[PDB]
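With one protein chain withheld, the remaining protein chains of the complex are depicted in position.
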Amino acid sequence: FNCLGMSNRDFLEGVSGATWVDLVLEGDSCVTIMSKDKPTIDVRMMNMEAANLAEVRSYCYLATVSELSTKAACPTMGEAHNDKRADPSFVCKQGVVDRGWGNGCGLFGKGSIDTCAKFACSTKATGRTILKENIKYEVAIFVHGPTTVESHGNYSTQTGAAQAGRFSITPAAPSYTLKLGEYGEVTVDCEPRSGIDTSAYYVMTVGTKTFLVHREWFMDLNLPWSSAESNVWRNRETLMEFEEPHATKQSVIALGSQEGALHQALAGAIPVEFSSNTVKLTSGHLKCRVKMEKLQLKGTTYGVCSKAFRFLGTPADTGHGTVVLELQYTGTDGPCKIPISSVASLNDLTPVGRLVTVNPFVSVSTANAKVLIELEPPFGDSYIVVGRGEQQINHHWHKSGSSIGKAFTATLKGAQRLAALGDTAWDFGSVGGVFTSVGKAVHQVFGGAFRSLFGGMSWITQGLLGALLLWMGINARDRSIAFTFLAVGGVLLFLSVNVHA
Amino acid sequence: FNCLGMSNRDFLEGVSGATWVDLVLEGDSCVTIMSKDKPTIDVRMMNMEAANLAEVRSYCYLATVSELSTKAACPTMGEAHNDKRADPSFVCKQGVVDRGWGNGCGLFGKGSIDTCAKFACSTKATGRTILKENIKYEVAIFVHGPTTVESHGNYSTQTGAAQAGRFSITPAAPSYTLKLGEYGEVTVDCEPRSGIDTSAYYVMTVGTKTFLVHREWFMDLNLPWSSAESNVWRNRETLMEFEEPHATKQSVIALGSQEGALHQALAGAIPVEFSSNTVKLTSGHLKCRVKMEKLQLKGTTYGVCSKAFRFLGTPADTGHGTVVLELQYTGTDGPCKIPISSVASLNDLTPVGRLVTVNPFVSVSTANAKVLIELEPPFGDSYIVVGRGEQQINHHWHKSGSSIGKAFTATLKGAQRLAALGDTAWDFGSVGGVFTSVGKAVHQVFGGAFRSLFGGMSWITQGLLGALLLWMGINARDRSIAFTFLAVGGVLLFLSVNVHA
Amino acid sequence: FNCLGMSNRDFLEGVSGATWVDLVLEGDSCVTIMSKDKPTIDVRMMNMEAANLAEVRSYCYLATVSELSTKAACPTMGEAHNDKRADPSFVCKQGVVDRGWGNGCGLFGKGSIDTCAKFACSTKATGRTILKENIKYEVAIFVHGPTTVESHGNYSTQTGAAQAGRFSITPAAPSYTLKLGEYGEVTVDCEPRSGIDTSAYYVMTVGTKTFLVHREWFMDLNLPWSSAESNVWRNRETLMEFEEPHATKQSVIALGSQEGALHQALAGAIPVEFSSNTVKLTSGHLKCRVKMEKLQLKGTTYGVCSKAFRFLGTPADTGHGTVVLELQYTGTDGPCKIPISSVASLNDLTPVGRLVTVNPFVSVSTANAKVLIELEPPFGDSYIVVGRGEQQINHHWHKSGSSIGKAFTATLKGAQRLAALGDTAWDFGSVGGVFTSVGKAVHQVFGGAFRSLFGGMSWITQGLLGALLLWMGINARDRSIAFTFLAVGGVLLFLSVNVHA
Amino acid sequence: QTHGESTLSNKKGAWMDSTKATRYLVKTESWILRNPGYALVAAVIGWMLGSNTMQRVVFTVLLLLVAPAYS
Amino acid sequence: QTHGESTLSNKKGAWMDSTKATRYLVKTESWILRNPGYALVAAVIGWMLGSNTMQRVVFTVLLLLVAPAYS
Partner (left out) sequence: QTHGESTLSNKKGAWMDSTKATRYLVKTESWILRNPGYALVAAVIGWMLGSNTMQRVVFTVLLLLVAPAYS
């Protein structure tokens, strides 16, 4: 539920007077909203869960063949028809065998045989569809308040403090309002119906492992398949092997289990948890709008801490440019505001780095209170100062990197989000915006054309075609066709590289 | 053995000046040799029984994963190493996981996870080698003598009459002189060691069925394999999937059974019979040299039958241009030769067709004796006349086709034999001559390069390459380049079509 | 704690109005700071101590080999696999040996053998990483007050006289306010986190001698290396030699101790002191800002003594333009300031040289008191007069050199400091200013590319490349490329020469 | 990797002769039917890569064959 | 065929991520190393079919990719 320790984490700055912000809550990817005069909140979707799945088709990969029978015909008597054509669950194949006086026939030539075998496959890989009215995204919202290292990721303590909450977003109730204790209220108005295209995926259960597979890919499997709640199997001959034709008896043997072949065929599938006809997905995205009009900063009217603090342990960089440290307050006056700031120089003592934990304060009045505070120091050498005067404590910190490098990293992350989310990426961190809407429309058109043109390619095909298109654009005489060739080739090459393979 | 009623049957003619014929005995194929003043024989190889097979490599297509264990390491430190990694029969894989203050770590970053699992194979696909000192061919020779319809295929009665015999051809005994009662003796000098390219095949036993697979294909399987009498497995990562990097416990699950994937990959493999460490394959070829110098004709001392015959049924076309019929002799003249012939018209009586059963006669001295006789009537309307005078019986026969059609069919069959055997086809039915030797040498020279260049292609790519080469040769400038492109394209197209795919 | 007697010493003349100055505090160096009125101080870092080192990787340079075993296989039967293929203390290598009927085989050829040996290391070279939370510099600050020749280096007397102090600079406490008896308070705030790039070094312990090695060099060693937690070894084939493939038994030997080879490879490594899991190095630097707002003179309210002084010994040139002498005061008039000055002639007695010991005075009130005084005479001939009248004592001193040579030496030392410290050298003696900031910025911009282009090159390659670039620039046609070629060649030549190799 | 046609001069059927024709063509036809928009891309690129009709059609065929079977 | 990369915008790994790079090139490298005689054929055909160096190299690459994966 919290944003600490996440490899993927996005920061969004709210402008002055920004009442709301559009977010795209990605699976296993927190986003932290920072605004002026408001507490910083981090909201993330934990899992998408759908119940009452409907079965559509069930392929089977392990078949059993029994009750072998064949009917032989002489070369003149035409084709042979076994009496098991009228019996379902029997697979029959017409074959040609040599017939002569040695085989008991009357003439010499190519006889006709019809070998039938009873097909009954026991282990099936059933695929199920997701009903759009049964999904329920789980979304967690947290506020950076007075927390300890030991209790920052404890959901029970944060709910006891009314600082965090797990709530379920459903198409029936897309909007949820979380009531915090003294931080106000935060309202999320999501779009669960369009968050994940359930019509584009199936829930396929192969063995003990469940996968989320493409609808088109699932229907193209070459295996014996039966519709939901039916024992009528079709394409049964794929799992059955007919041996060398023989007049007296032709042997038919079922192939080995295709469970491993299915697992190899599921290389790009997304594994999901399936239990009690309920599927849980930790991936996906959920477009949502977070409203912070009622979100009020807590502790603004508290006094400053007169007594001294201490650094319990070394601050740790989170990898996102923010630094988390724990402070122990020696005094016991009561709820007081912590005077912690990030400064470039100890003599200058001017605020140069912002605080993720906006308006930190000690909550409990005990003798020693541990407070976790997150700051965003500037690049280069800087000091983390707590208090002033004789009680002042300093902690030097060096932040490797540059603003230019941060800009390049942000551009790369934006490109990756655009590739992963498509048109939904424009909704991320957007407060209205005329540019956002026209950009989203243009990207919708371009993405539709691009998917229609190169949807099914792998990274190898995309990379090779992108290189070819770049080479063609380089040698193209006309500027416009060269420009479009270069653009398409660059997009294809980026997509091929973006898979990190 | 006998080949009355086989789709594959070859008719060789004995040169007046040659005492031996060099022929290639193929699996499920017959060669009939007809000479002047000599009995007709047909030579056929039954199978190849190679014993004492030596195991080479045993792949695993069904693994089991248990005893799951994992260990995690703090970021910016040494990568984790599980204590079970030293323990044998354990497969370990490295990975990265998000580590922070929540997980008990000290630094926020991508910690290194190392999980190991117990590998145990359930069923394995064993591969074996064929020692060239244990190859053993079963060649059978039959002489067309006094036989009935029911007794023409019984090996017991044919050996009792000393008219047929199955014998083993081994490298240590490459020659066998088959003694025939009153028919002389026929000796065959085969080539067992160079017959099958047994150094290019493995005997793979997957499940309960056994195949004959290539050596270059068997070693390319990406499955856990072990050597002979080796409990330790290698390349075990293929049957293990590491689901999601988790600091506490990363789950590892073994993939499903790969028996179906193996059967799907053994698409062009030749199924064989494997039992008691012995492989028996009925396909393949064996080049042999038949010596008919001492093969004499039986019944040349008997008198002509004086009583009347009868056709026991309508004569049947064998499909190879010959006609098989059974007569019944009502007389009691003892061993007597049957005056059967093929005449063009009933007013001519001059024999125009050739008898496959050279010098037919009645064996038993009792009445109502049945004799099977095979003839080769000419194309068009013909009569099968038996006897002469008032007891003469005739049966009109029509042989469809023409001499040019037979020539085209023979050319096509020779081309198919050349494609299937290669340079060995030139040694089929050739008693010597400079043309055969130079043709075989040229074919070896060309085929070595052809198999080096177009070696492992399927029929579809061979057909596409042939079409492309023909198109380039048509639009070529140099005559020699166009000639060679046309030749190679035609060969490729014929090879693609010869697969009949 | 003082610069007296150190070859590495730099002087900083503080400008009026500025109350602080930036320092770099190179290891085994010393910075002497003198202001217009404030007393002269010298500050240096004695060492950098880091505890709680964490093991990362342990290489092995001495290993033992035992329990030999060889498993042979016949030719064309695949590579052999010995039963001792288990991970724990067994490493195997494949090889080919001649086989035949003499060796008991069945075929002649290059049979494959697999021999394994027991791997067990005796001595290992553990590598440890430095945690930035545990580094603590030791900075010493001294004030030039009343000291003798014996008590000037005696820290016990100096710290008992409140004229010196050794304090620890930690990231959790980067600011220290040293307390002085009558000289006030001196505050120094440093940058421990960015002082020594501990994230680019390892603490390698080879035998009993410990070094500070590069991370890149340490991980590129081709020796058997284990993980941190004393696990199984890896890359063990480097310390063993497989003598000669023999069918019965192939002997495996262990290479000799690689301790000498490691010492040869540890050429540029910096030896450090290691004990009780704590490292201590006297090298490196630590950027500090010393604040002298509360630094004041001692004994300014004393009246000049009317008694006579005597020169104890001869003045000694310290090698940095300053001379140190000792005066024995013959009077008992209590604490009183020394009327000592440096003059160019004895007919004017106008002070021309600056006194390093600002406002010298006698501390004790004994009969004979020894006072050490440091002066900076002008270049050329000058006198050191103490007092006036008939009790005046003069001491002629000649200072070799010139201000032009002093400027050349200062430029050379600045260039060497810039080469050794890179961009940190721009913050030496800087009280701020816009020239220093832009110079440091452009130096960082150029130095990043310079390191990326010529990082690992040695002085020989640097010198050769600089000579080549100078030759190209001299013969270059365009003046734009000639300038940069000459600049880079000159920098490379200076770097090659600066090593004095 | 599939075994492919053997070199034993077999006159009977192999393990899978029923699928001998559709063994290699199943993937390509299914990929083309699922994603038919690629046929325009391959045709356009082949037309713009070759200066002759033969070169253009060979480019088109090769592009149509390489995309389904990615390598 | 294989499933291929999902479109769900997943941030964790797919079902088989360790084999993502080698999934489609496993057959091609094995086929090329099994019979390198075709590489001469592809180079010769591409050289004799293309008029420009770009056309020749594209033909060679397309042929070397379309022979191992037969379709």
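Should a chain be cited, it is by its letter among A, B, C, D and E, assigned in written order, with residues numbered from 1 in that chain.
Everything that follows uses one rule, which is that contacts are C-beta pairs under 8 Å (C-beta built on N, C-alpha and C of every residue); 3 or more make two chains touch, one makes a residue touch a chain.
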{"item": "Partners of the unshown chain among those that are drawn", "value": "C"}
{"item": "Touching the absent chain when the full complex is considered, from C:149, C:161 or C:270", "value": "C:270"}
{"item": "Residue among C:214, C:294 or C:440 touching the omitted chain", "value": "C:214"}
{"item": "Option from C:96, C:442 or C:460 whose C-beta touches the chain left out", "value": "C:460"}
{"item": "Residues of chain C in contact with the chain not shown", "value": "8, 26-29, 196-197, 200-201, 211-214, 217, 220-221, 263-271, 282-285, 420-421, 456, 458-460, 464, 468, 471, 475, 499, 501"}
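The working rule: only the chains that are shown with their structure count from here on.
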{"item": "Topological distance between chain A and chain D, in contact steps", "value": "1"}
{"item": "Centroid-based (C-alpha) most distant chain relative to chain D", "value": "C"}
{"item": "Same-residue or different-residue interface between chain B and chain C, half as cut-off", "value": "same"}
{"item": "Distance from chain C to chain B - Cα centre to Cα centre, in angstrom", "value": "81"}
{"item": "Geometric centre distance via CA averages, chain C-chain A, whole Å", "value": "50"}
{"item": "Of all residues in chain C, the ones touching two or more other chains", "value": "none"}
{"item": "Interface hub residues of chain D, defined as touching at least two other chains", "value": "1, 12, 15-16, 24-25, 30-31, 49, 54, 58, 66, 70-71"}
{"item": "Pairs of chains in contact (touch as defined earlier), listed by label", "value": "A-B, A-C, A-D, A-E, B-C, B-D, B-E, D-E"}
